[PDB]
Amino acid sequence: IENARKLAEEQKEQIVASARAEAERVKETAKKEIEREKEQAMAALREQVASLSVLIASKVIXXXXXXXXXXXXXXXXX
Amino acid sequence: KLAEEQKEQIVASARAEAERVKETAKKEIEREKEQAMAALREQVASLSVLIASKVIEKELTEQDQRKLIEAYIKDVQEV
Amino acid sequence: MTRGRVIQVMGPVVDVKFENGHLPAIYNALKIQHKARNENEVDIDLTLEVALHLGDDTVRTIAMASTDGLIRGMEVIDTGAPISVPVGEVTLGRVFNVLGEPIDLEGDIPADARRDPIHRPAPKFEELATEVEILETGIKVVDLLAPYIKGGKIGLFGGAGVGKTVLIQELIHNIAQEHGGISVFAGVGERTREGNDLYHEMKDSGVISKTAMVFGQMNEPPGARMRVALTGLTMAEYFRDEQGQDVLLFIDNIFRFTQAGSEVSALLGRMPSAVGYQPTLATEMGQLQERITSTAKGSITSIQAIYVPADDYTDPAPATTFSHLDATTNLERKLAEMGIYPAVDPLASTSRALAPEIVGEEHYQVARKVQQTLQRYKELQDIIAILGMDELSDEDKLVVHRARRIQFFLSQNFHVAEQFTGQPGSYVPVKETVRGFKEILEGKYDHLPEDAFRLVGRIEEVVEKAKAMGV
Amino acid sequence: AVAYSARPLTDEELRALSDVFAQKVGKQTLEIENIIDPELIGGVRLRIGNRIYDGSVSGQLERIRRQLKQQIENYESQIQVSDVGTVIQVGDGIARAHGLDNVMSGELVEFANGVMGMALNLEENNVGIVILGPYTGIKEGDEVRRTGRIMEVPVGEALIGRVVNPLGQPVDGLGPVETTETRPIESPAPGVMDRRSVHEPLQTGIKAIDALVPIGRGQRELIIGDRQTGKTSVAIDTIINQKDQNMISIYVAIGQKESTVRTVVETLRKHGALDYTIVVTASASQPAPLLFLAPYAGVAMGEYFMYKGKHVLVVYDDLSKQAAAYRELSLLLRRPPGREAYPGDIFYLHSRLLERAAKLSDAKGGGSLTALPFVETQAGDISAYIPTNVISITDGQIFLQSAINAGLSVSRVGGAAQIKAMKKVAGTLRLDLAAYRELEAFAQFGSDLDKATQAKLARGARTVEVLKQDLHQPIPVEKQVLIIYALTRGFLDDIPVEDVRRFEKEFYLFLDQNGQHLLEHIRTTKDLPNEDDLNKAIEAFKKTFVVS
Ligand SMILES: Nc1ncnc2c1ncn2[C@@H]1O[C@H](COP(=O)(O)OP(=O)(O)O)[C@@H](O)[C@H]1O
Ligand SMILES: [Mg+2]
Ligand SMILES: [Mg+2]
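Residue numbers (my numbering), protein chains in the order written: chain A, 3 to 80; chain B, 13 to 91; chain C, 23 to 493; chain D, 391 to 938.
It cannot be assumed that every hint is accurate.
Which stretches of chain D does chain B cover? Using the computed rule of at least three CB atoms under 8 Å from a CB of chain B, they are [to be verified]:
(1) 396-405
(2) 408-422
(3) 428-438
(4) 447-459
None of these hints come from the bench; they were simulated from the model. We put the beta carbon where it would ideally sit given N, CA and C, even for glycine.
With the hints as extra help, turn the sequences into a complete structure.
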């Protein structure tokens, strides 16, 4: 009885450890994927943010002003 | 009999705990993704604010003076 | 066309500024009625009672409800009189607020009914009537050692959770039907579920249609808990002084009135007295308690329950209220912890009607002997505690033997306590109580076990209970 | 009357604006003292009296405020106005400000730092403010503005399974809470003609409470004892036991240690009790103003469910720490102290809170709200100030001994809040417990007749061994009543007192195996099953039992 309970507890603990380790591995893969997506979206949505910034300034207040604003944003980033 | 039933109960409880841990990890990943999207939006908003400020500074204020006077009169009427 | 303005708001206390030579008198009632002007405002419907004149056309008033939402600058209206309350036959069988508005959702009292002011002076020396008659309650420890008067003031002192409410309900059940007159119940600073239970119990029993109720309870601001006893007092005074009737008056806890006064006086700007109380404790207590009297027209029998903070009987409030009572009843936690119910202390409870010419000659001797044996037993507690019962003389052992039996026979089973224990409840007339204690003092029942005396009505029931116990 | 503008405005425009504002405000004439502040390049910001009209630069910052088509093309910018004041005093957690003309009593104000406060006293030329947060960022000369709302908390079903602080800000780090409703912290209680008597049981799962001190839905019961008597364990077991019952639980921790709060939340999450629980926390390092609003925030969160027809249960982990925080706050305002230095309205502070628990009538919906306040004593003194203050508010008490003390623990409403099956068997158990309790007082060393030697001692010892329990293992009412019925009917009298716990465990196993009809009859009828069948089952178990 005690031996069977100990075996069941050991198997349960091993299963829990395996599940936690698999979750950690999935978390590492998800973190890497999220970082790569964050960088790519940072570039793309930074271009989009420059365009939307030109649009927002115009709304609060064409192509040449947008190009000048893009150059200014690039200079600020640099 | 009873010992095997207790073993099965322990196994079921461990399985439920593992499933809860898996759900918590999935929710943590979703929360991380949501926070990353929010941070990207915040960075985009800050860049938009900076670029809009620069553009508005570059814009001519000769008509902006009259626009500000008109907006002040409108706000006076509204309030 | 005379208006005030709010100047300060500090909790339950407000300050109002008026025009020159247009100030309201003390105790007047003022009204605020405000409708929101924008989204940063709420709606206000409030009444205030004038308390002080501070100079510079400013008065300081006490609020009857919550002051949240008040804005410095809102205008106030002077009614021209104190709080006025409806009186007469229109208030019999109804439940009321502090301001006199019904809260039982059965309709609205017409605006043309006669109304009386809350504040008035006491009756003078040339109008009271002095005489002592005895009121029967059916309680052994009350009938024997501290009988009630038929036209006086009765007090029930108690700590927390010792049995004030159960005793109040038992007395209501026994007396209010036998009275056959009018009764008023005022509840100040008590549990709301208790009032909800009592209303339905009265409606089932049928004591309603000759009762009026007023409720200001635990959740209300201090200004409301201060001036609720005065509303029931006015309602009873109408009957006494206009129809020459005999009126009963119950007050659920008279301590809350002084406690609310103490809470207000701090914000009114007064230097505190001992234990932090207000300087005007005795004056307010006397101003309330001197209107509850029996004049030449009618009488007002008032039964009041008084709370004792931290089980300290020397606190300023119980000590001050002790002086207005004709019969008192003190409940102790030590007796309740032993299972004795009710927990009346047989030596500290007094009555002015315990005289040989009022109750009789046998009653007086029986009560005095019982008290003497209880005091003698009380004197021997320490030496029994340390040494034991083996180092006593024969007379002392006899004293203890009879004292335990007497102390257990002072308990009883009540009608309203049936839902707790199960016993139906008992009622004992005076003569039976005197007879039973006379037999106990004579050593007639010295052989029965001491446990057969607990929670019975009469002494024949003691004999039956001993018989069923195998002896 | 001072304007901030990017460029010096023309005198004619200044005159026109001054005349317009003179006409609007209500003054015959007005003069503006324009400034040359160049930071505000968007437009003009006016400050007259204690009112401000914003320019256009703030709109860009308002753009960040509109973080949230494409923001409706930056949405639209409007001239937002606000009423302001300035601080003139700050220290020990209480401020004091000028301005704020049209402020209300009990309103919420916001400091320039970001912290919030209450408007407490509106004096002639002053406002007293209580700071709900860290006060080391507020200095004299700072700016404070109104919000236009009486104090309130966010309420809804989005709060279920979250840990928040008395203002509704999450502290577990799982993200924002998406609610859409609010409720005022100070609200009136249900009236006399809105309630009804309590007639439903609340099952804690503990035999001693469920049999001797029953609790009903809509009651107010007090749990009182010394420190190190373990009342948090009672609270956690009661909260865990409500898994099947349709109940919503709220746990409020006042003045506790944040580490123990962390471990309690971990214990709750293990047993799956976070699907119906809200946790409100204010630890020992937080300001006294925050330690004093937590019970009111909890009750405000509970009343949202209560006034919809649902049933709620609220736990206040210590009222004796709320009392000390309120005494500290009121002594800093220089108010005359009373007994034990407590203020005069320390009774009102607790009576106004515990009177919001009620069993509503059927015209109001039929909801309920149960309350379980905690009070901690010193050396078991039940006649102190605060313990007697709270004993006179509730409907009973449960005194834990440093093990329920049945000589001081009582329940008024309970008794009608019990099922018939337990009501039939509780009386005998109470009498046996009393018999042992008084017998042992003198019979420690003394011979007795066989009656008092066995029937008055062995039965009591067996019932005292039965009443014990273990942590985080609540018991269903059917099993509870079956074991109590067996003990009161007379079995176990030939079982050694060292084997009763194992007897009970094996009896539960036998029941779960081959007592389905008994259990279903109890669960469906709320009455005892047939006595002959019960005796037959108990005899079969006794025959199969291996007495050691
Ligand atoms: N006459 C009585 N007989 C039996 N029990 C009583 C009696 N009076 C009070 N009790 C006990 O006291 C409890 C109620 O106390 P209560 O009267 O409400 O306290 P308070 O003094 O605050 O009104 C009940 O649970 C009951 O067990
Ligand atoms: Mg009372
Ligand atoms: Mg605790």
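Hint check results:
Given as covered by chain B, the region 396-405 of chain D passes the check, having 4 residues with a CB less than 8 Å from a CB of that chain where 3 are the minimum. Note: the region 408-422 of chain D has 3 residues with beta-carbon separation from chain B under 8 Å; the three-residue rule is met and the coverage holds. For the region 428-438 of chain D, the proposed coverage by chain B is satisfied: 5 residues have a C-beta within less than 8 Å of a C-beta in that chain, meeting the threshold of three. Evaluation of the coverage hint for the region 447-459 of chain D: fulfilled, as 5 residues show C-beta separations to chain B shorter than 8 Å, against a requirement of three.
Checked against the numbered hints given earlier, the structure satisfies every one of them.
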